[PDB]
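Apart from one protein chain that is not included, each protein chain of the complex appears where it belongs.
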Amino acid sequence: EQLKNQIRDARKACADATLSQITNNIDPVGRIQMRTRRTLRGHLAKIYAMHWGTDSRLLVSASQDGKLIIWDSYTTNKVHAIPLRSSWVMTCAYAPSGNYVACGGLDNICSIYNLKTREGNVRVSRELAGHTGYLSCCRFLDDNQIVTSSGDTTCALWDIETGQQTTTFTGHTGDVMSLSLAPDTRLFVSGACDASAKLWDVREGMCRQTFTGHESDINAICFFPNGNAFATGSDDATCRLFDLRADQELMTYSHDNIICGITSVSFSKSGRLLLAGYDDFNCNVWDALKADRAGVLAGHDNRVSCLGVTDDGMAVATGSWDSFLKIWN
Amino acid sequence: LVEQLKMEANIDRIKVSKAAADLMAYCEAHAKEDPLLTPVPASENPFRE
Amino acid sequence: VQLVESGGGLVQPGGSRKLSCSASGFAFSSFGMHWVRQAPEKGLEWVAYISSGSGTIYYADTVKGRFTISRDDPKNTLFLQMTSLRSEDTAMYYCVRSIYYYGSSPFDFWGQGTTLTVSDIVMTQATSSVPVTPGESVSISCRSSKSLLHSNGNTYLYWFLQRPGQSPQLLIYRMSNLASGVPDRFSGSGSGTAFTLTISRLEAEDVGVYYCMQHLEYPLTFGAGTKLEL
Amino acid sequence: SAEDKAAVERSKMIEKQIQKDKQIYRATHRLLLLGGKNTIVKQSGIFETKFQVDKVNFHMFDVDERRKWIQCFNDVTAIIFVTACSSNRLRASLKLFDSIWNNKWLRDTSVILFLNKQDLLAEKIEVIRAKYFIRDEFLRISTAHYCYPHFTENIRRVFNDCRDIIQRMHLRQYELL
Partner (left out) sequence: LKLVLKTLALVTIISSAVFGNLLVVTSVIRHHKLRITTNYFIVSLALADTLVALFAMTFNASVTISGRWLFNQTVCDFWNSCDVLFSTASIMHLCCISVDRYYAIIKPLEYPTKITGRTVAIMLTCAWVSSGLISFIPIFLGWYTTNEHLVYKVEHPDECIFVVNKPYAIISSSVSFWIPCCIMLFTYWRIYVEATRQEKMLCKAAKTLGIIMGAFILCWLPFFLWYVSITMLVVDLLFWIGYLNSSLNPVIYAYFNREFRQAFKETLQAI
């Protein structure tokens, strides 16, 4: 128990001053309207997640319906509809190459779909397993490698063709509910019940950094586009942000008005705008520097399930729980 | 669990001021190009309506 | 995947005949289809097209009143009916699949073909035969009467190089991209009014006749041709 | 815009298929299982099943560490909580009941309670009065939407209870109770 004591003493001794003092002298953003510019309907149940492609035009969304569908966002057309075998999928993905889709959830098995088949009908390219808990996120690392985070307190890296997990990650104690990977695809962070966001190196294979600034559980996380920080949302209505080199928490976007938890968070291309989604029928938008609300995004009537920015930052899509996708701008 | 403590001790933590300065510098440098910070003209917006 | 065409023969003018296409190897219900006939000494010519659910059906403006076309998904067969034919319709036919969505590659596969015996947008393939030497870039040019650039920013032009003895193949779609089973040597380029296809390394399989094709307009006229010699 | 027109037509076809699947889906009246039960359903790995009775479809969701995926089961017609009270573990079942009640997102989703495996209780064993007393203890704990207790054919019970739940919900919608 002495080792952790001296570790925490050294960590607290390496902090001199906060960035709040150095930020109050900077120009703020004022207000952003961010009115709906497009809507997507055709689902029959609550959308659970969605993820833009690397081209920032196509998107894929899955719901409790039992089918995940791929929209061409510019013209609202349904490019594809995939009739999922199991009705319980709690995540999505869209490979950077743009050829494969991913799904998983209570089925305990991850499914990889191949869009660019010889025929015009998609199929399960690879139904790969090896997890004893429900899957939270299945982000695509590359064409043939996928990183998954299951509820068994461990997260895995899977080789698509072979099937077996190349690398395991067993550093946690609770179930990881949210996994995100850096744009450089070299590191990735996750959070679980134990309220400890862990940063992992893909090649190292075991935990590189840990953060314990929260209380209840890290129920949503996302990465900074620069690649040296990440912001998370918990059940404490807290949007605590952490850096990487300093290993210490920077500042908190906490408002006592919200008592419920968070659903998802996301940044902008510049990074000086941290969108977020709450259970109180609204999407508050923060500012990652002044920590002051700069507007609201209220156009839904149920829980805002997953909100995500595009690669080029032209839009944000907020798949909600009322069978609707909304593409703002 | 001893290895976790050893690696945390040897983690070589850095001061927070440099990280905050890097964050704000990157935010200021790449702010002009991205949308969602200033309303965009309809010419460059793909979905005008 | 496989397309098999049946029918044809020799019939005196002013008659009728049914041609059939059996598709085996893919879910062709969600596949638009086209018929393209070629005269023994002329280039390919459009005939008719059917959508996925046989909802939208177009026809060749030259011959529309004496042609019938239909399809049966459970019977796995799409057929065409010719009546009151003439000496002009002495040509061997092709059965073509195509799928239409963002990122699709229409005219992906061409059927084997069966034989049968008894202004709007036009293109200009002025060149006919340009022999080349190994290890040298080969360029083939085509032109259009109306600019093929749309408001979306994609130019609807296709290339249909055909090997000497088999069905035509799809090489370049949408004026820039590349089909699935094509070597990287073939590359399309242009500006929007005159288009070209360039090949860096040439081999025996590269010998063929290259056809340019338009799609802004559903009549889908397609261009005249150019032989390759080695 | 020819390819655009064809893409629009294909999207319309996909939307027609979606409409047909919606017509199928709205007539399912899905159910959740919580917590023997194998005999009930037959007559880790989720054994989702489709069974039709009296020309009415039903979707059973066969399903111990408590997680958040219970919240996503918001639109279930009823939750059948099975309990083989052969006994400690009963108090764990009561704790699960309390967690379900306090989930704050399972509200307005009725829960049926089943006291099955009466043969096991009889072999373990007025004694009928004693089993009624332990049942009454279970309801007393259950006091801490409305729950439907059941103690002894079970498919008929769930049929009647689902009918009552949907009737009460539709009466609530039109302000008749």
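Worth a mention:
Chains here go by letter, A, B, C and D, matching the order in which they are written, and residues are numbered from 1 within each.
Operating definition for what follows: a residue touches a chain if its C-beta (ideal position, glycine included) is under 8 Å from a C-beta of that chain, and two chains touch if they have at least 3 such contacts.
Among the residues D:55, D:104 or D:129, only D:55 touches the chain that is left out of the figure. The chain not shown here is touched by just one of D:26, D:42 or D:104, and that residue is D:26. Within the set D:120, D:128, D:130 or D:171, the residue that contacts the chain not displayed is D:171.
Of the residues in subunit D, those that touch the hidden partner chain are 23, 26-27, 29, 54-56, 159, 162-164, 166-168, 170-171, 173-177.
Seen across the whole complex, the unshown chain contacts subunit A at 41, 301, 322.
What we mean here is this: only the chains that are shown with their structure count from here on.
The centroid of the Cα atoms in subunit B and the matching centroid in subunit C are 51 Å apart.
Annotation: 45 Å between the Cα-based centres of subunit A and subunit C. Annotation for subunit C: residues 30, 101-102 touch two or more other chains. Chain contacts: subunit D has residues 4, 7, 10 touching two or more partner chains. For subunit A in complex with subunit B, the touching residues are 3-4, 6-7, 10-11, 14-19, 22-23, 26, 29, 32-34, 37-38, 73-74, 171, 207, 209-210, 224, 226, 228-229, 243-248, 250, 268-273, 288-289, 309, 313-316, 327, 329. The touching residues of subunit C, when paired with subunit A in their complex, are 1, 25-27, 30-31, 99, 101-103, 180. Listed in rising order, the residues of subunit B touching subunit A in the complex are 2, 4-6, 8-9, 11, 13-24, 26-28, 30-31, 33-37, 39-40, 45-47, 49.
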